[PDB]
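Novice: Using the sequences and the accompanying hints, generate a full structural model.
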Amino acid sequence: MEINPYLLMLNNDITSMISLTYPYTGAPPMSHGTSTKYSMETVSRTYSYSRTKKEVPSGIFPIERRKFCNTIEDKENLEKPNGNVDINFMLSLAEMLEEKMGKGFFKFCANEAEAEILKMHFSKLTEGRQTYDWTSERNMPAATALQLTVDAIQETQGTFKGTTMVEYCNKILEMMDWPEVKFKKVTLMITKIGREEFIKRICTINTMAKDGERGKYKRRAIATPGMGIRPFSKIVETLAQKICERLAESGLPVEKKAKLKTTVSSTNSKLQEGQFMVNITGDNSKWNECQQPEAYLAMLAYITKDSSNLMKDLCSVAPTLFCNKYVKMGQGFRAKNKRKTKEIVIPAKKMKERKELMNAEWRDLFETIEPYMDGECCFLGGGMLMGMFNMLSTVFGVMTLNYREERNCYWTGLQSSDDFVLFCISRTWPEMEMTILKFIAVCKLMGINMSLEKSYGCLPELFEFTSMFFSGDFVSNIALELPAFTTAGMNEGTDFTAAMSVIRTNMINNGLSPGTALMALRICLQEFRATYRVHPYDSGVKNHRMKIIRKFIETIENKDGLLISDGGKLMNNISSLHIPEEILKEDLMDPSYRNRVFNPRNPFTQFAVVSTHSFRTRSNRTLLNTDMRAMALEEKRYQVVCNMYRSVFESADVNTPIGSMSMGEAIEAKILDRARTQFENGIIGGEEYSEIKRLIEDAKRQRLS
Amino acid sequence: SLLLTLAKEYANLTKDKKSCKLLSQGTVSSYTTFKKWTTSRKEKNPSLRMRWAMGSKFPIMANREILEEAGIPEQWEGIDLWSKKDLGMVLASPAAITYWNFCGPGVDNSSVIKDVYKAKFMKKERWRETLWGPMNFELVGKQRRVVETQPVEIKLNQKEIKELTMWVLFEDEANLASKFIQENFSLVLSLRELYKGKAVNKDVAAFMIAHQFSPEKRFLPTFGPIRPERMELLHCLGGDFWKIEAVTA
Amino acid sequence: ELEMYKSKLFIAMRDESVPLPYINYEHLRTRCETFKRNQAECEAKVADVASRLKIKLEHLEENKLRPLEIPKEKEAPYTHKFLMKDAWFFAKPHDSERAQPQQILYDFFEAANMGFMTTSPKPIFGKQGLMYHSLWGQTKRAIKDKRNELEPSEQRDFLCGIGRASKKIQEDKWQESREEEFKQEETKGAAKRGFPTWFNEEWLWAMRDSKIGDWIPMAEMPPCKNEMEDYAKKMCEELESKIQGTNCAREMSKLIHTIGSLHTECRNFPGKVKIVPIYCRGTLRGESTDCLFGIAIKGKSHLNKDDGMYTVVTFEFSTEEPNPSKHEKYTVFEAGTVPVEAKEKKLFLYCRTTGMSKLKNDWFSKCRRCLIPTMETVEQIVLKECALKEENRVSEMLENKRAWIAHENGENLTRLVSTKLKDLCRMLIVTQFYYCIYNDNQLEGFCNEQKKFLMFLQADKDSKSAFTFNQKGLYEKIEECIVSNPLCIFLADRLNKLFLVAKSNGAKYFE
RNA sequence: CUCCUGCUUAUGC
RNA sequence: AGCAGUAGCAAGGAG
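Residue numbers (PDB author numbering), protein chains in the order written: chain B, 1 to 186, 208 to 275, 279 to 430, 435 to 635, 655 to 752; chain C, 2 to 87, 92 to 254; chain A, 184 to 393, 399 to 530, 542 to 710.
If you are wondering where the hints come from, they were derived from the structure by calculation, not from laboratory data.
Please note: incorrect hints may appear among the correct ones.
To be verified - For each label pair, taking beta carbons as the anchor points, the in silico distance ranges come out as: (1) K237(A) to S293(B): 30 to 38 Å; (2) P405(A) to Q148(C): 36 to 44 Å; (3) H32(B) to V157(C): 50 to 58 Å; (4) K399(A) to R149(C): 47 to 55 Å; (5) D674(B) to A373(A): 35 to 43 Å; (6) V157(C) to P405(A): 40 to 48 Å; (7) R235(B) to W388(A): 23 to 31 Å; (8) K587(B) to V157(C): 33 to 41 Å; (9) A233(A) to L225(C): 46 to 54 Å.
Every residue, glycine too, gets a C-beta built ideally from N, C-alpha and C.
Specialist: Take a look at the structure:
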């Protein structure tokens with residue numbers, strides 16, 4: 001007898017039998033080795049889609065520059081994807097777009113955007129993902145790379161007194177005018214660097230391999246920018262964020281289910297006696313190699329035509345930094361002999377000298393990228409990689425979906445980052461061929477390539493949008509990640525309640541039927557118990573922590589009031605996922621047990656749930672033996688100074704401590720201010736006030752010298 | 002007498018040579034980017050390193066002088082609780102945690118704990134005194150709304166709360182004087198008669214003030230009535246294919 | 184306030200990165216501020232329509248949804264790390280004091296008599312016989328002396344790789360020679376195999392009930413109010429009464445205990461080779477017992493990164509004759525005789552060297568989370584039914600409802616086996632377990648493309664007249680990621696048989 | 001191919 | 001050998 005797990009779909013829908021076809025349960029694919037070939041494939045594949053050879057020599061950069069707009073060599077293979085944008089075509093689509101809703105659309109959205117730019121502090125730049133620090137040329141978090149950048153500013157020329165967005169951006173543009181920039185290398210020496218190398222270094226974007234992406238056979242290279250591009254990209258993402266929040270044919274901020285009900289219900293009431301509707305799920309392929317930032321310079325030059333003078337020049341810089349970006353090419357490759365015994369390492373620097381030690385595919389990809397190579401990097405001027413403008417290309421999708429050609437046959441739909449759903453209304457099937465080929469015509473002219481392999485359509489709603497397969501009546505949910513249930517791992521108290529918070533937030537947002545919640549709650553309970561070696565008292569487990577609990581169980585009177593971390597049973601349920609375990613169990617505890625556990629005089633916690660099991664695990668051992676020990680001394684000094692500033696201002700972690708004078712001067716003026724206020728209504732004694740005054744004056748002469 | 006201690010600490014930290022180039026060179030806001038110097042990348046496997054931590058014999062950093070006052074070096078059969086390897094901080098085992106939880110001293114602090122967490126004990130008191138009924142088994146579904154989800158009686162909008170905690174706890178560097186003060190300053194006259202003498206720290210006080218004054222408004226799928234009292238009962242009352250509600254009062 | 188810092192190099196940089204019909208940014212800004220559209224836009228649009236040559240492909244007239252190309256090559260071997268169907272265990276009552284894995288190993292050294300575990304130095308088949316014989320004797324006298332640390336000999340220096348690594352020389356000294364040590368690089372890819380025929384018997388065995401009872405370590409049930417919780421509780425209890433007794437439960441308990449033990453041994457002792465049993469724990473006639481399926485040997489894992497792929501040497505216990513097609517990677521010896529009461544059958548010891556990883560230890564060791572997606576799915580079915588009838592019919596619905604699975608081998612057209620709905624979850628938990636084992640790139644791409652063909656079959660079920668733009672490149676993308684995964688080739692074959700069964704009613708397919 | 005070098009006690013309702 | 005898949009791991013150093 002054979003067996004087939006797919007036969008349930010003979011008498012079901014694709015809204016129940018679609019979670020069976022996700023392998024979201026097993027190990028994700030990781031990358032191994034270098035990520036150079038992926039960068040060569042992305043950059044060389046970008047130049048292959050440029051459809052031109054029109055090169056322009058450069059005076060700033062020592063490398064040639066190829067244009068990407070209005071220079072087309074029309075091949076016969078037009079079904080192959082192109083990377084060429086006609087600017088008058090897309091500006092005609094912009095003028096056709098603003099004539100659909102309102103008159104002062106871009107002025108209103110731009111005045112809201114500039115209304116939110118001027119009330120922004122640059123510490124929002126520290127609330128981001130990992131960035132590229134060019135001081136040691138590594139990948140660092142945002143606060144560390146920003147602090148090394150400000151360290152380079154205050155070390156190079158003068159100090160920094162900005163504390164705003166615009167003065168920090170003007171500080172970076174001031175750094176572009178400096179003839180020499182001094183910073184620190186590693208044991209903390211001070212080095213210097215010129216002017217053109219600072220231009221080559223400020224526009225350097227690091228590429229690596231995307232780890233943990235479910236759904237691809239071949240891997241892909243993701244890119245992380247530096248620090249001098251991030252605030253301008255924040256400006257453009259706020260402008261396009263307000264444009265996408267104001268429009269009604271987009272789904273990025275999120279409801280994504282009501283909009284499709286309003287356009288399916290609304291556009292089915294716009295039919296004649298013979299017309300009908302066919303929807304098509306598409307998937308735009310090669311989306312990160314066909315969006316050139318020069319069209320962003322044209323449209324962002326068109327939106328801010330009447331906004332201000334600051335915004336008109338402030339929203340025209342991040343495309344100019346995207347038109348000349350460098351690409352880190354990984355770290356090279358490895359060679360070996362015939363016996364496969366000795367294996368040398370060739371980095372990305374000496375790849376030009378060691379050119380004759382490569383394969384056929386490496387030389388085919390390398391000879392098509394050679395007249396654009398720097399020593400370490402590559403010069404890309406038409407790509408838009410991952411980790412960049414996402415709310416701006418969706419506006420181009422809305423510009424494609426609002427085309428008006430003058435019958436009564438047209439289209440509408442919904443747009444995402446690279447997923448569109450298109451609704452077509454026409455009368456006959458060759459007219460359907462005319463309208464669909466007009467949609468591929470307008471997308472092909474504007475610069476959006478639909479994939480012909482991953483696209484289909486039907487007459488009623490049986491479409492696909494962001495992995496939610498919508499049938500004729502019902503809605504399937506997003507198959508959520510199973511590892512998100514247990515990712516706290518910090519405490520015996522902030523694991524089970526955090527897991528109940530994850531079950532609650534996955535219950536409200538997604539479907540997450542109750543037996544799945546009780547099963548996931550009980551499995552996360554078992555992984556908590558197996559992780560922290562704590563078992564129930566009636567079990568037969570005998571380890572080094574259940575001997576004490578089994579020995580001292582006779583002192584506890586009420587046995588079901590003990591914590592789960594101390595050998596108790598389960599009392600939380602689905603209707604108690606907002607109440608923690610301790611607060612639920614404190615109505616039944618013994619007074620010796622409750623007064624014993626919750627004692628703040630404990631050797632573990634001393635030096655959001657109740658802190659009574661909160662301990663700190665020990666640190667590593669190889670963190671003080673490498674060459675980066677003095678950096679741990681620097682974070683030690685940072686925590687000392689932060690403990691000092693916490694010791695001066697008794698309420699500093701609640702409000703954002705703005706100010707632009709100094710830290711120690713507000714400390715000294717604060718101790719003098721509270722010394723006078725607590726002096727005249729308080730102290731009154733000559734030796735204490737004269738002694739504190741003597742320590743402030745001696746500390747001021749010590750600090751100033 | 003605390004200003005003499007702060008004078009000894011501030012005079013102590015200016016004695017260092019390379020630390021004088023740290024302060025009085027930056028800005029007040031740079032304290033925020035002085036707070037974060039997390040040189041680790043992401044801590045991408047927290048539970049994995051936690052299970053690797055709990056598998057050893059002494060994973061915990063514990064204080065010495067508190068645990069030596071009442072603790073015992075070894076338990077009644079070979080259970081190790083102590084080390085002599087290294092600030093004076095001693096590694097330890099979680100058997101000392103459960104041994105402290107079963108064979109340790111006790112300090113009566115039920116009033117403080119039952120006064121810090123008044124919102125969550127209010128959630129338990131409102132949860133225990135409700136009644137349910139039968140189910141319905143019907144199709145249900147509605148759009149997403151922005152709902153204040155806590156039964157507060159003040160209803161501030163996340164702007165008078167930070168400013169309120171500035172003008173109650175520590176007024177020496179609080180805020181510029183706005184027009185949002187007056188009746189909330191009568192509320193300051195009410196609040197200073199409460200938080201004047203307590204053993205509660207000002208961070209814990211600023212924590213517990215912000216949970217009785219802030220209606221937590223989120224963007225959630227709601228259906229039926231939009232009363233806030235049944236908004237912690239949101240995930241329990243109905244899902245997508247089922248619904249249960251018979252609440253009389 | 185409204186003044187941006189007009190620098191010198193940036194104003195030379197912005198004017199350089201303009202489009203080609205423009206000179207400076209000033210001319211482009213004055214043209215974009217004075218732009219009005221025209222009706223030559225439709226001339227370029229239709230001029231783009233004419234030079235296209237693109238037609239859509241219907242399905243009611245050109246139903247070219249052909250079956251997929253399964254490779255007609257050598258059969259794919261059994262590539263799972265342990266043994267599923269050919270396993271044999273020795274049982275003993277479990278002692279509560281003797282609970283560490285080395286103490287279980289010692290108590291099974293006196294329990295399962297290794298003095299009768301004599302091996303001949305000539306195996307039945309395989310590659311290396313003397314190294315596994317000396318390694319098995321060395322670990323047998325190692326367990327005999329009650330210490331789990333293999334002394335360094337040439338057998339362990341050959342099997343678990345010590346010194347088998349290339350000399351990574353940086354580009355600081357290279358000492359070039361004329362036409363000597365001519366070095367380069369070369370990649371190959373992955374080898375292609377054929378359809379596995381052994382997968383059906385392990386599927387049908389994996390959902391068959393085993399008399400040892402509960403295998404999986406679940407936890408206690410919380411107390412219940414008069415709410416819907418009873419319902420959820422009821423569902424859990426009923427589903428638990430199906431999944432504790434199957435053999436997939438035994439394999440999951442095997443991976444949890446064995447791989448958790450190897451995981452803690454990989455943390456506590458790098459650089460030292462340990463001896464770890466391969467065992468379970470289950471209730472036999474109420475008595476809590478533990479099993480013993482094999483002997484695993486670590487390979488001095490220095491796990492620096494998430495990768496590393498350390499070497500595990502596995503000695504397994506079997507009681508069936510081997511097969512050079514299925515058991516291709518094994519090195520089957522003969523062990524002896526076992527009395528099996530219903542007379543005294545044979546005993547075959549298997550040998551296999553393999554590798555694990557640190558990133559495939561947390562997803563294998565923590566694989567108790569395969570009861571979300573099966574319970575998730577079953578509750579979606581039941582809640583759709585009660586959502587369509589508006590009446591509390593759940594307990595009688597889990598008994599009076601069929602589910603079509605498992606067509607026979609000689610015929611397929613409308614010859615299906617309808618089972619009960621409460622049994623169905625058995626089969627469901629099986630596939631979720633396999634999704635943890637055979638997860639590769641090929642299973643990911645194959646699951647995307649099979650979601651596409653599921654959308655086509657749903658378009659067939661309601662007669663919606665779907666269409667496609669390019670069928671050649673579609674099958675050039677699906678057939679690319681079907682190379683050597685046994686689960687991918689198997690589910691491709693069952694997708695073709697799904698098209699054969701669905702062809703008898705709806706007309707969009709072939710034979 | 002030849003030769004020199006290491007500590008970390010792990011307990012599934 | 002082996003894991004694995006478009007490239008790495010399978011201790012390091014010297015001759």
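Novice: Tell me, in ascending order, the numbers of any earlier hints that this structure violates.
Specialist: none
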